[PDB]
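Encoded as structure tokens, the following chain is the form deposited in one PDB entry, with no partner shown.
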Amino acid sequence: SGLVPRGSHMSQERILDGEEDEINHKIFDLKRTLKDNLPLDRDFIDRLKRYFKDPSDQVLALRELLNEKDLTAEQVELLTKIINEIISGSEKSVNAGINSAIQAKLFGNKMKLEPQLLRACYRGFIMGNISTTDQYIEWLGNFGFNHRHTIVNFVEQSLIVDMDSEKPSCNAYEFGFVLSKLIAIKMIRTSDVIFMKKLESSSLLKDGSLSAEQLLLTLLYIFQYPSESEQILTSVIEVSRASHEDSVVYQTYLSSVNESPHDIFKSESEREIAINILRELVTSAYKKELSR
């Protein structure tokens, strides 16, 4: 570890369902039903699950209830065993939701987004089985154009914290796969940024006829389906022709692909296909334009 005394008190502050007062009552009702007077734990579970549907929140509520200074005695055992039932087979998802709660609140307030949506986001990222491009397309769709870069920062900050937690969502090897996933995502952001600068110098976005988001998606599809670059660019061409010569828009894509991280494509072979097609497009356009 091996010297950080993790941790760890403060469970209630990591609960993302409701309001500080709305959560505070809920925890008291569970303190009132009842560790102080000596009930009775069956269907008390359905009360727990009714107040907090999310397992991360459910676990945090019981950990707070485990703070009561009674501290008798078999009640500890019953509280800790309900914790095991909720967590069992869901360790990853629970631990990720807990470990990223403060970041979700931090970024939630910054992005003007609901924290629990960011919690779902980080869980989805470490537990999903979708590609880097699909993941990027999903975030773009879910959170918006404005939030596309910030969302990857939130995941990175959540990952950092998760790895430093006393109970991380993954083991070393699994975080290794997550780290690789994240760097690949960051490469996509890098081309996203490169691509945006190329559209600026081309001014293909100034008038507002073309949307930066749809243009981005077009570039993302090229990373996925290089052989269909020509078809992918069809709807762009139908609009750009009004003020831009075909070769300008094709060059914008060629150069963006040229100077972007190679690893965004499935392989170098697939990257060559994209470059060869876009060059063929640029070349054909120029010859048609100057002659005549």
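Only the largest set of C-alpha atoms that superpose within 1.5 Å between the two forms is called the rigid core. Positions refer to the first chain, counted from 1. First, how it differs from the form deposited in another entry.
- Once the two forms are fitted on their rigid core, between these two forms the CA displacement reaches 2 Å or more only for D36 among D36, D29, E230, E259.
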The other form holds:
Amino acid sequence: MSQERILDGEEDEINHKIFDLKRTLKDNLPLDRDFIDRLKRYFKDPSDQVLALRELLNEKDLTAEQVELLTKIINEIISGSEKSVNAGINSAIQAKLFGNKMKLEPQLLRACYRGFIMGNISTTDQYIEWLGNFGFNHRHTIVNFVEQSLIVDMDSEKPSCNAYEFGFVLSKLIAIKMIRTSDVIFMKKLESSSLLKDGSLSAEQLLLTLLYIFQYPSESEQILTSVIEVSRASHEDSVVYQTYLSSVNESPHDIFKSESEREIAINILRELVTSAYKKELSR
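Since we've got the form deposited in one PDB entry here, give me the form deposited in another entry too.
Shown below: the chain alone.
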């Protein structure tokens, strides 16, 4: 129940730590001083620390009322860190589930969900972040992991957030799904345009390029410069611009700050298309 949600080390390695703390409590019956230092040394993560102490409370040898002298350690760790601790505990199983699927270290996922419900960066900055931390191939699965954890988090006896906060989280989640939606669309356009066949252009770099457009529509042209310096060797400008324009048109509207911001992006990309298609006549 508690040992399974510990994401620090191998199954035996974990067990080699719990019993020692049970040892310093049952047959030795010593005091609690450097005990905490050893606990923290064994487990660097507060969630894993609490889980270890909870397992200690599952032993048969109740030495009477030292339960309160042990639960004070549980509450001292939790107090003032209720959000982080609970976020780690509740999403542990999912971290192990998705970790095996994606071939990623579970505790990395715990940090992911932890940071998501505790941070306050924009929707686009989040997508970008997850991209850089977990890679191109995991970008759609990572959002699924966060969703699954949120569901479990909510159904937990001691959730990480309150009713109000979970609403905001969801709202952020939906914003992310919209980005994933445009991402999926953008990728389909790249395939049909045959911009990935050459092998010179990176779909990750192109994805980020689209993401920058969302944040700074006024600087669209400047942003696309990086792509042009590579696409010119094989493809024609109008083709790259069309991919971005048609993608933006078919993507959800609320990805942009506002209606006017979106039109700034569209008009600029519209002008870019015309200009390139014109220069293609003098060739």
